[PDB]
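The data below hold one chain only, encoded as structure tokens and taken in the form deposited in one PDB entry.
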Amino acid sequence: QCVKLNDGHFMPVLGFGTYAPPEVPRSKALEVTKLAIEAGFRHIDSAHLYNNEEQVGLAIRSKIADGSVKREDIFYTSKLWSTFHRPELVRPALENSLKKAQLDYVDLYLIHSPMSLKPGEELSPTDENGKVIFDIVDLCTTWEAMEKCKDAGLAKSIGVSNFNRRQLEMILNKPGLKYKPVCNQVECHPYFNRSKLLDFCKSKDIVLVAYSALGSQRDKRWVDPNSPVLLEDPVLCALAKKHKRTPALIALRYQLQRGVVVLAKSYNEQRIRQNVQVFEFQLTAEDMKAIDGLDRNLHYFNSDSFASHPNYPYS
């Protein structure tokens, strides 16, 4: 099952999340991406930041080599990291990602975040106070460079991530705009359901892609351990019991029924296989209303590191 993007390409509505924290050996991404493909995932979400494109790319190539899939069956996403927003750095960044993954093109290239950072060696250049050293870049210029990447065939589609409505509007209203973003990949789950942003995106034919749809990996770098654990929510657990599914499946299905494309990260073989069951059942209107009632403006990613950034999208 796919949705048609505003540039004519097609995106599978369920995607595999590949990020794992640095404490996880790099080789694991190879193993789990192959498992994901074997389970039925075709949309695979990576990024320069993840330090895994070589392993994820190898998994894709391996599954093409053994005849399981063809390149055209896979929808591969990468993302431009924030130290590469200056327009002259965009195509080189994409070319580096392609080289790592050993792919001729990405299906989707995203601006990972609107929060531009100082260019250089470090992924996350930080001051002595812990905050990231910011760069002030007109993102419309970054976008123009993204458009050139699509015209060159390096990316089939281009989009953004972590943009709010105002930031999207800035791109959409850019004079001489050639390609609208096909999507906005954002934090989205029952505790932070982004309903207003979703309505806006639908009105502009921009797909909303949900990350942390299962409540995030709760990494101590960015997430308060006090934050309620999404999958422990009693409404989600009651719905799981009602449907004889799992809280994760309820959370994924919720997104699909709102017209949101949903990612799901798992590095566990059993959970990877479980997550594809999202297509096997439905939630009723009353179920959906119960889940909508959980909305509580809880973005799990919530750190000083970026809450002070001039382009921080949340308010």
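We call the rigid core whatever largest set of C-alpha positions still superposes within 1.5 Å between the two forms. Residue numbers count along the first chain shown, from 1. First, how it differs from the form deposited in another entry.
When the two forms are superposed on their rigid core between the two forms, the C-alpha shift of 2 Å or more among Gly130, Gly153, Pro92, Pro234 belongs solely to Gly130.
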Given for the second form:
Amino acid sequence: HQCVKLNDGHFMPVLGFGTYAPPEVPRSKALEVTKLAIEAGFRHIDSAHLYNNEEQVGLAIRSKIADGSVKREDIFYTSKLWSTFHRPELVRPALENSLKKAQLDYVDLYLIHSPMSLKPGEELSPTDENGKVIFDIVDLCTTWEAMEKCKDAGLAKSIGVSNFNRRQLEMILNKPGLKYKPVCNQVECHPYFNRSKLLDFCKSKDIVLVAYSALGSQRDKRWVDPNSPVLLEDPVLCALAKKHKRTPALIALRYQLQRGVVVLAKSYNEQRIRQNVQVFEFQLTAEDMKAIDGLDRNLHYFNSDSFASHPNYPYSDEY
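Switch over from the form deposited in one PDB entry to the form deposited in another entry, please.
Only a single chain is listed, so you will not see partners or other molecules.
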């Protein structure tokens, strides 16, 4: 039920539903599970142009409004601007396209999906002759100004960023004539990779940190190494789950809630969808919090070696 106030006065529910599924999953599933999520109690829904599901997610939202379960104001819907659309003149069209797809008049939140700009076009992964992804050089402050214009039109209630580091955050925050600060920064965050200092910074700036892969990634072999430790098989998370008679997933979500993190959870399983909302029914102890704090290993699940040579590549390599 609980929300946090954003720095523009709008409110964001602290538990959000992740809608991404791989291309093999039929598009119909995004409709079904998003309705299940709303029925379960989720009020924050996370989607993106990249996810090729905005039609289905939007239709689930419209369906739960039209059947009386919720009103539009109950739902917090997020879309994201894809990296081929960073040039300013492309920002508002991209948003409008997402809205046309989702059959919504506005999103509650529009994010720059990633700082790593790609060659402009309606090709989402532009590639050269060698199969290498073509980059683009774009001043993300011009992107941000186009985002601000989207907010002023009422097309996006709030605007923010995703996958930005300290420096890209400040470059937005330092922008001349800046009208709206980013309400949030959505990044990978879980007990293996807690982002404690990025988190402190955001709290300092009245920016909400939003955790994705908070259950440990869906572990797509295309982008995730299967040797990596499975987050939900962690001995300490499992121990705490037995202690509280909850599940490792529930422990991992509560961990973020108690450290002031808004947290996403993807599930396309009806039972797990309904289990994840129980995160509001219990508390971890300060000692449990410490034991989970101790799990931090700066572990990135997503491997983006292909993107390491990008000027805005967000996690600087050990190089």
